[PDB]
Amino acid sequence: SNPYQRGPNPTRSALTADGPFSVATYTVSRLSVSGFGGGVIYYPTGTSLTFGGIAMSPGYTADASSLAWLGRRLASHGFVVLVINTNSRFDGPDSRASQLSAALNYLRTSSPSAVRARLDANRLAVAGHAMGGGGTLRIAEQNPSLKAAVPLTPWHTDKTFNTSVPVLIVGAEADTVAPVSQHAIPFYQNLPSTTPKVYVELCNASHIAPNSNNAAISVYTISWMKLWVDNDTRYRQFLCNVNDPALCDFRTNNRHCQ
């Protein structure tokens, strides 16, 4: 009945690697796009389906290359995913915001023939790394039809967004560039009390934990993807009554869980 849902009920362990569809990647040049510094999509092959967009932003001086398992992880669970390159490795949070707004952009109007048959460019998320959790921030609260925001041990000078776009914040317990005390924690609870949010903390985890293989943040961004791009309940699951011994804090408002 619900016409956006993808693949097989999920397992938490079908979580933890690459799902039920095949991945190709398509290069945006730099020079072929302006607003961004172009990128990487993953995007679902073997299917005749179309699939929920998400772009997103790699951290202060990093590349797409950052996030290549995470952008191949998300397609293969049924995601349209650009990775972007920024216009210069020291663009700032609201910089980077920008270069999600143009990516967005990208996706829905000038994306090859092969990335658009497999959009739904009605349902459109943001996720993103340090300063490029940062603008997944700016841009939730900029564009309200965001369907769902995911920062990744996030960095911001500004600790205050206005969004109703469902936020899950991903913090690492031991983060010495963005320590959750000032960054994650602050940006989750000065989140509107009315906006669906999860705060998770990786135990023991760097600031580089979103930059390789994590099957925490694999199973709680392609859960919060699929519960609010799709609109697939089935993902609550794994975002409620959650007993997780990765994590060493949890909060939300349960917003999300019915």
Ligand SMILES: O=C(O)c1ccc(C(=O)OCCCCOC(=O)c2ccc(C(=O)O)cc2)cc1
Given for the second form:
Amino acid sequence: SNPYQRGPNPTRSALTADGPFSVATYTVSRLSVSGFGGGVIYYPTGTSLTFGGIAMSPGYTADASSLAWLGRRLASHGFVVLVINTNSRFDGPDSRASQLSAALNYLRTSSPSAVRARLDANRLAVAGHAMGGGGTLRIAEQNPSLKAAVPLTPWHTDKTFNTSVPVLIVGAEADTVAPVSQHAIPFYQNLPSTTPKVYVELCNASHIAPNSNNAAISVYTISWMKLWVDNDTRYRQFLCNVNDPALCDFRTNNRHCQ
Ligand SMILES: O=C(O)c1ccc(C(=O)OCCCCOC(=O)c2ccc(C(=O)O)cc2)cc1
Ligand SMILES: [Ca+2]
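If the structure you just shared is the form solved without the ligand, then what does the corresponding form solved in complex with the ligand look like?
Time for the whole complex; same chain goes first.
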């Protein structure tokens, strides 16, 4: 019934490991593109199907390798994922939004034949770590066609974003770089009350929790992307009536459960 539905019915344990699809990679060289610093595309292979696309930005000082595990994880559950490198490692959050915009335009219009064949360019979303998560919030305000935004331990001087793009924010309890009380939580609270939004806080987690295999980040990022990029309501079960002992905070307006 849902033409975008991919993969077997999910279970929580299946969302903590790589998923049903084999993954190929394509390296986007810095010299080959303008507007961002290249990156790595993770995309499903061994299939004739098409999938939604995700542009993902790393944080301050970081490069695409800091989110390689998550690019591969998401792609293996049925997505085309472009993890960008930035023009400069010291670009700020709004600059990272601009480079996510360029990466999405690249995916739509100039990506390789092998990627385009697996991509439904009508269904795009964004995610990002730290300053990259700040960029995710900015681009969500500018591009209302985006299906979802997932800021991970986000950082931004702007605390106020107006978007109707559904947002799930992951905060890290022990984050000293982007403290949840000054970044993640104000981001969540100042989003419109009419926008479907979720905030989860990982117990004991550090600012660098997004940079390596993390079960909770896997579960919530996959499920939010599935729900909104694919209209796949089978993933509501992991986002609704949540009782997760990995979390030390959870806030929502519960607009995503029906
Ligand atoms: O993402 C992370 O993992 C992360 C985030 C923050 C820090 C941090 O210690 O922040 C204070 C020092 C840097 C401030 O950087 C800017 O304010 C800025 C503003 C605009 C631009 C621009 O491109 O115009 C560039 C840079 C460390 C790591
Ligand atoms: Ca603002």
